[PDB]
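Trainee: Below, each chain spelled out in residue letters.
Number of protein chains: 4
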Amino acid sequence: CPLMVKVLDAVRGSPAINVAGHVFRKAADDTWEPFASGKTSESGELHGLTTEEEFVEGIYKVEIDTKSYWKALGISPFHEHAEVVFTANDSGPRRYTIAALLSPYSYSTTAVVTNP
Amino acid sequence: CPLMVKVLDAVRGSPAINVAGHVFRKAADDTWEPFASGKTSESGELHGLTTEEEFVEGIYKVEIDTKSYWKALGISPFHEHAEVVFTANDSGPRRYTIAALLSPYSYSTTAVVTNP
Amino acid sequence: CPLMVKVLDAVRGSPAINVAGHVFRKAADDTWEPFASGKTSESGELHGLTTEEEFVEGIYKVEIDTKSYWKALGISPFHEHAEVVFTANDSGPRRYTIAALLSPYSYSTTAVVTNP
Amino acid sequence: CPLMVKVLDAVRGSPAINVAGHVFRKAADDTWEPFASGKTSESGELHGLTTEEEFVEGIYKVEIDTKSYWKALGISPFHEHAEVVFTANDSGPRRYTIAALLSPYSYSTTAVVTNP
Ligand SMILES: Cc1ccc(C(=O)c2cc(O)c(O)c([N+](=O)[O-])c2)cc1
Ligand SMILES: Cc1ccc(C(=O)c2cc(O)c(O)c([N+](=O)[O-])c2)cc1
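Protein chains in written order, with the UniProt record's numbering: chain W, 30 to 145; chain D, 30 to 145; chain S, 30 to 145; chain F, 30 to 145.
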């Protein structure tokens, strides 16, 4: 899996389960083309989004629906979502983990990029 | 100052100076309408973006040009930019500080929301 | 103010008010000698800890009583406290802001170091 | 493994490899007794620190030698180390992942605590 998304809850100290994630790729006309989507598992991880052959060079956007996560816990959070936009595979194929750490009024995101 | 943006550099341990930030309000057609912009000061701060009168309820986006910042420092960055999207003033007017802490492969954002 | 500590609450999106902070300097015997202390203000800030004269080179520790803060809010915390240990003034006197962003199961700390 | 430590580098977007970690447990006399140590693998993970039977209730300290990590990369970082202090197993045995995300002038730490 060349693209994985992991989401953690900094209030409970747990994986953030059942969080929707949507991936888009910038098209030649500069629009955001839907690329993949899913929801986080019990481990907070969203696997199986793409394959090495489909995950070509390009600019990708990962949008994590953090607002729905907090709202289901009774909380009205600050952010509408957490979005991560990045160029992928510019130097050849890589494996990307996009990790997000969520609090109601703050989030952090990191990328772990490895060479297979 | 109903809206302030502060940007910090976690590599140098300093304010992130001369970082462009652009503010948008979501339009009725779901498009992003540009609202205000500026460059961070020597303290990392972007002041004077809006006024109490103009900063009505709505969904707002702050886009921080983190890629140009890292490029100017000669450091390879992961993200194309950092975006913060939030609903403003849903329970009355508030003063918002959006703080962003930047590293080349990670960023975090927090909101400090105080009632005047 | 050679040394300032600022504490923010990522759950409420506010300064963390009335948080105790204690500052220590490492002694020749490697023990921690208490140096200064205070409680964060309504802006989350602990000012007036030390002076230019007293804040000589050395290794310093700031201990933030995060557990008492979360307990006062009725929220279960993970950490006993948050500690920040750093060598100060190794290349001349600097002004240090130690910023801590608190969640119940996570914290982050950053230093903003500026040369007067 | 009831206790795992994971360390990531936010500058390079990579696991932080070969980082020393030391674990201590608070003794009945209030001293810090050495409990386990190791170094992070190529995945940034330190496994095999303890067993469920040995990892009894108590207050534990995990000290990560972040300064040596940065110094080996040519960087003089702000922090001397990253230390995490927490009560473990107060409600029965749990599995703890202590994750640290490192930059030269900032770090963040989170706990992911799961029930086996
Ligand atoms: C680790 C971390 C991340 C974000 C914040 C943070 O949100 C913040 C907010 C401020 O109003 C402010 O003045 C500063 N500061 O000056 O350093 C930081 C504080 C700490
Ligand atoms: C404070 C912080 C923020 C983000 C990360 C982080 O990026 C990360 C990445 C992983 O692949 C991973 O498995 C975990 N984890 O399980 O805890 C965390 C690590 C620490």
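A portion of the hints provided could be inaccurate.
If several chains are the same, the list does not tell them apart, and a pair holds so long as it fits within one copy or across any two.
[What the hints assert, rightly or not] Below, a list of computed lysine to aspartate or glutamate pairs in the DMTMM-like style, where the Cα atoms sit at most 25 angstroms apart:
| no. | residue 1 | residue 2 |
| --- | --- | --- |
| 1 | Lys96 | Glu86 |
| 2 | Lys96 | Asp119 |
| 3 | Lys68 | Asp58 |
| 4 | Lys96 | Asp58 |
| 5 | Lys68 | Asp94 |
| 6 | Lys55 | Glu71 |
| 7 | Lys100 | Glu74 |
| 8 | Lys100 | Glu86 |
| 9 | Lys96 | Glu82 |
| 10 | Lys100 | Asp119 |
| 11 | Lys90 | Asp59 |
| 12 | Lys90 | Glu109 |
| 13 | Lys100 | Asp59 |
| 14 | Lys55 | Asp94 |
| 15 | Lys100 | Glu82 |
| 16 | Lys100 | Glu81 |
| 17 | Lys55 | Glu74 |
| 18 | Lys90 | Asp58 |
| 19 | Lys55 | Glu82 |
| 20 | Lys55 | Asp119 |
| 21 | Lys68 | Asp119 |
| 22 | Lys100 | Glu83 |
| 23 | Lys55 | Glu92 |
| 24 | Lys55 | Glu81 |
| 25 | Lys96 | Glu71 |
No lab work stands behind these hints: they were computed from the structure.
Trainee: If a hint holds in the structure, say so; if it does not, say that too.
Mentor: Hints, verified against the model:
no.: 1; hint: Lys96 to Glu86; result: between (30 angstroms within a copy, 18 angstroms between copies)
no.: 2; hint: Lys96 to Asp119; result: between (32 angstroms within a copy, 15 angstroms between copies)
no.: 3; hint: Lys68 to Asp58; result: neither (28 angstroms within a copy, 27 angstroms between copies)
no.: 4; hint: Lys96 to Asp58; result: between (29 angstroms within a copy, 21 angstroms between copies)
no.: 5; hint: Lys68 to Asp94; result: within (9 angstroms within a copy, 29 angstroms between copies)
no.: 6; hint: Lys55 to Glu71; result: neither (30 angstroms within a copy, 33 angstroms between copies)
no.: 7; hint: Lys100 to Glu74; result: within (20 angstroms within a copy, 31 angstroms between copies)
no.: 8; hint: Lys100 to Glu86; result: between (35 angstroms within a copy, 19 angstroms between copies)
no.: 9; hint: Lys96 to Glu82; result: neither (32 angstroms within a copy, 27 angstroms between copies)
no.: 10; hint: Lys100 to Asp119; result: between (37 angstroms within a copy, 15 angstroms between copies)
no.: 11; hint: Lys90 to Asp59; result: both (12 angstroms within a copy, 18 angstroms between copies)
no.: 12; hint: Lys90 to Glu109; result: both (15 angstroms within a copy, 10 angstroms between copies)
no.: 13; hint: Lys100 to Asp59; result: between (32 angstroms within a copy, 22 angstroms between copies)
no.: 14; hint: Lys55 to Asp94; result: both (19 angstroms within a copy, 17 angstroms between copies)
no.: 15; hint: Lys100 to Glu82; result: neither (37 angstroms within a copy, 29 angstroms between copies)
no.: 16; hint: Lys100 to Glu81; result: neither (35 angstroms within a copy, 28 angstroms between copies)
no.: 17; hint: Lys55 to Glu74; result: within (24 angstroms within a copy, 30 angstroms between copies)
no.: 18; hint: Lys90 to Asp58; result: both (15 angstroms within a copy, 21 angstroms between copies)
no.: 19; hint: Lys55 to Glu82; result: within (17 angstroms within a copy, 36 angstroms between copies)
no.: 20; hint: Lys55 to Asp119; result: within (14 angstroms within a copy, 32 angstroms between copies)
no.: 21; hint: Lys68 to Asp119; result: neither (27 angstroms within a copy, 28 angstroms between copies)
no.: 22; hint: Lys100 to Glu83; result: neither (34 angstroms within a copy, 28 angstroms between copies)
no.: 23; hint: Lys55 to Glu92; result: both (13 angstroms within a copy, 17 angstroms between copies)
no.: 24; hint: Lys55 to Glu81; result: within (17 angstroms within a copy, 35 angstroms between copies)
no.: 25; hint: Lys96 to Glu71; result: within (18 angstroms within a copy, 28 angstroms between copies)
Consistency with the previously given hints fails for numbers 3, 6, 9, 15, 16, 21, 22, ordered from lowest to highest.
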